[PDB]
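Okay, so here's just one chain, in structure tokens, the form solved without this ligand.
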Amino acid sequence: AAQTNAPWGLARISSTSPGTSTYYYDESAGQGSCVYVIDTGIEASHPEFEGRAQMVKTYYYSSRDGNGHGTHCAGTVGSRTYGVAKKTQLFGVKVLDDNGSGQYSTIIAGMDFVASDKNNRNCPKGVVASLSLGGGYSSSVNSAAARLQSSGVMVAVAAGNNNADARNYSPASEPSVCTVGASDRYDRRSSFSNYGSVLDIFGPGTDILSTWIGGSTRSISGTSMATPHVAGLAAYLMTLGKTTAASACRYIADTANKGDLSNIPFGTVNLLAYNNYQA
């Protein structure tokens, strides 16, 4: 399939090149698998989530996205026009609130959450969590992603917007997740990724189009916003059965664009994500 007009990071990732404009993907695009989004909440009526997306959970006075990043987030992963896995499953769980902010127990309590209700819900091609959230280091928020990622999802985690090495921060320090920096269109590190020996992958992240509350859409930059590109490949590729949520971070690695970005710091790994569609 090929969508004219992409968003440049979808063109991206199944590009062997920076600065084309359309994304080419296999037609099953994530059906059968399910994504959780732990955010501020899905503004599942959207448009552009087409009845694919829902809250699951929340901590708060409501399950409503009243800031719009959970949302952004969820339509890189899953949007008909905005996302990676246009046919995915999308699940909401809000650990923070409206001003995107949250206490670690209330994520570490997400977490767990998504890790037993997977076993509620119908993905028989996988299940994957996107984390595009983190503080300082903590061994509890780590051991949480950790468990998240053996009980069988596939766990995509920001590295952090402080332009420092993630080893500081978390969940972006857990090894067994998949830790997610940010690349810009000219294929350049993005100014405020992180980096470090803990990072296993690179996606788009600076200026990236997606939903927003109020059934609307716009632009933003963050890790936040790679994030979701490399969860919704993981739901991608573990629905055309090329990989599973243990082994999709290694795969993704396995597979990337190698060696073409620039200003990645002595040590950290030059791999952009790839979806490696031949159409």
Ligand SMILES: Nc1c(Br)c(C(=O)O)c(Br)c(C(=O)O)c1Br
Contents of the next structure:
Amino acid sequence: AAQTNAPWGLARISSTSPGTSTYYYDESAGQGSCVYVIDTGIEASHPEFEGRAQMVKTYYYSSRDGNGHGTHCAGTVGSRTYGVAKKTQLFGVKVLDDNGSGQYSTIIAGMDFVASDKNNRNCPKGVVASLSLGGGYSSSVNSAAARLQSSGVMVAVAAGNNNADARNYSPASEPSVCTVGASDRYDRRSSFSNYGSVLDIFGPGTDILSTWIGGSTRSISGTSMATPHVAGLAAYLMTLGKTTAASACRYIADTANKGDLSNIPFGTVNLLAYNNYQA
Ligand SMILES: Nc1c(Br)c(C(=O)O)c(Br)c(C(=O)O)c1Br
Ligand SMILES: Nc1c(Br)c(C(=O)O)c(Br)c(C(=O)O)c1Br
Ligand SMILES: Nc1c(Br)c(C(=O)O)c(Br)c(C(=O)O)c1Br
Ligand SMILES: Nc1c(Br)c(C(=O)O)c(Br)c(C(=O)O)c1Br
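Having seen the form solved without this ligand, the form solved in complex with this ligand:
Every component of the complex follows; first up is the chain already shown.
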């Protein structure tokens, strides 16, 4: 399948080269898979989700996204126009308040929630969790992320936006999950992207168009935007049967575009998420 005039990051995910604008992908499109977006919520009524999004948990007075961040990330995972895996099922878990903040104890609870809740959902092709969030190092936060992964969920986490070594951030620094840095449309490391040995992969993160609340759209930037590209890619590749929740991060690194990014510090991987789809 081909999506013309796609957001640059979707075109980038399916290309050996920057500077194109068509997204190419297998029509299965993540059907039968599930992605949890653990964030500020998801505006499930947005037409872009087509009935495939639902809120399943909140720790606040509403499960609505009163921020936009979660809706944007969910859009990059799985919206019809802005998403990587256009037929996945999207489950929202609101661990962040409408200001974009949340306590680590709440975030941990939400991770353990997902590890159990997947047993209440139909996801025959597999389960992914996208965590566009983080703060400073916490062994308890990393452990929660590790449990979620161990439980059979492909966990993708943002590296963070401090232009620093992601070793000092959680859940970014958890070795067993997939830690995602950000790139721009010219294959440069995004200016804010964290780096370091704990990174597994880069995805598009600068000037990413996606859904927003009030049925709208906007372009914003962050490792928060790169993470759902990788999460959606995982869901897509799991639906294709190419990999599993336990092996998908490794598989994405194995099959990445290699050596094409600029301003990658020595010791950080130079790997850009790629679906290796041959039309
Ligand atoms: N990403 C990107 C874009 Br967008 C464009 C463009 O203007 O469409 C060009 Br001309 C290039 C290039 O340097 O060839 C690149 Br790389
Ligand atoms: N935790 C966190 C914060 Br706080 C911010 C921010 O300063 O707004 C951003 Br832009 C990101 C991102 O990289 O998307 C992340 Br992850
Ligand atoms: N035992 C086992 C299984 Br079952 C699977 C799997 O789900 O196919 C994987 Br991807 C691994 C691995 O991650 O290496 C292992 Br070890
Ligand atoms: N595989 C690989 C890569 Br990717 C890169 C790179 O990051 O561009 C380099 Br600098 C080397 C090298 O050491 O020659 C190799 Br081998």
